[PDB]
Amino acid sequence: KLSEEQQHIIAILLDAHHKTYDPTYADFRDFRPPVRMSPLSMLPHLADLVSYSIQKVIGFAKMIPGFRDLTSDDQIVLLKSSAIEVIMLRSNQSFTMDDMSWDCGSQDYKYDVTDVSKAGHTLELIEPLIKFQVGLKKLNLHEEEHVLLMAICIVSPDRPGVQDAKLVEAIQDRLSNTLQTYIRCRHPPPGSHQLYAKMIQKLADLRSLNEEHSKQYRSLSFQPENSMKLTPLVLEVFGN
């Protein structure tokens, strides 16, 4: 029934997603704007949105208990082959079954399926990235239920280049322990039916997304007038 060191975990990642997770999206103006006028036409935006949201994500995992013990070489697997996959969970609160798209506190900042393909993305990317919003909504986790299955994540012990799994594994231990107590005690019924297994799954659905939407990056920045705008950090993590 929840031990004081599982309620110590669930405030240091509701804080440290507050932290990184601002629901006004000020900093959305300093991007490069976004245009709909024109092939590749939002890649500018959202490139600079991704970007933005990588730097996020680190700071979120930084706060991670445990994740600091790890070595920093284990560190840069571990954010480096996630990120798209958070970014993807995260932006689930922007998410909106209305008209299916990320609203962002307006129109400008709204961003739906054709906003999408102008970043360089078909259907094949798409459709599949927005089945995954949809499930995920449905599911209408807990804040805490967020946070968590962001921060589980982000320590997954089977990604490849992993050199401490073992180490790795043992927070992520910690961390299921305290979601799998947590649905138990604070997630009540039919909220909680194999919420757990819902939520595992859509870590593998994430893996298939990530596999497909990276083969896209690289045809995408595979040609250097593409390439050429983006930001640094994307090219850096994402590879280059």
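Numbering follows the first chain given and starts at 1. For the two forms, the rigid core is made up of the largest set of C-alpha atoms that agree within 1.5 Å on superposition. What changes on going to the form deposited in another entry:
In the core-aligned comparison between the two forms, the C-alpha of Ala119 is the only one from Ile152, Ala119, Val162, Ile84 that shifts by 2 Å or more.
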Given for the second form:
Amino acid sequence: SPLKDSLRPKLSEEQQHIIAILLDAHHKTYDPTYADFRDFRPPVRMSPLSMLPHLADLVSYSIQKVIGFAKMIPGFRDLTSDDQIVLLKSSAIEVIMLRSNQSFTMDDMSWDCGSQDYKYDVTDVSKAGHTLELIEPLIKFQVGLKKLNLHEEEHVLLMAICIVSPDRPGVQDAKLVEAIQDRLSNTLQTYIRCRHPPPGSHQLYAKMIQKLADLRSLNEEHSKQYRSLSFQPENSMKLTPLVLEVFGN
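How about the form deposited in another entry, since we already have the form deposited in one PDB entry?
There are no partners or other molecules in what follows, just the one chain.
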């Protein structure tokens, strides 16, 4: 019956368009050759914070790319300048964690950016402590994300949904941010139903939103590390102007 068919709606042309746009936006903002990494302060392994200049540069570059992606998300530009800023301040670290899954490798459980010097493992990232609260769960998070085996379309939708979250602290037009997110969420749900076969599809939407919950917790845990570190002005000195502006001083 037409009545039953309307209940299971295929992906609209507008939904396919949203996906096209987010994929193009990602491809513009994520270089899988990591060529720009050569311009960062060098990684030093040999204080136990010797990697901080390099990882500061890596994060600061990655904030810049996240901003470029965010700007392309449909509807983002209709927000006020203020909500744009608060959404990006709040999400940046989570989108960086999420986008990092593309360099993460199960083989040695590290982020592999194409060089041994630009390969980052548990020993490098654990140097500033918070191993139980932040580092181990971040690695767990990277493993869980690989296990989901997302289509690139799901990956770009999840970054966008992450950014446009109405419950972020300081948001003014919560209704508008919710409406933009719902359009994205509904694209994702229909995408999964239409294009993601079982058994990988099973509960895939719910599992993806659970990854957004886990990211809120990682965000909190990193914020605690950041406040501890940055409280020593000699650490904050090794950071970048964009990191200070976006994450606070």
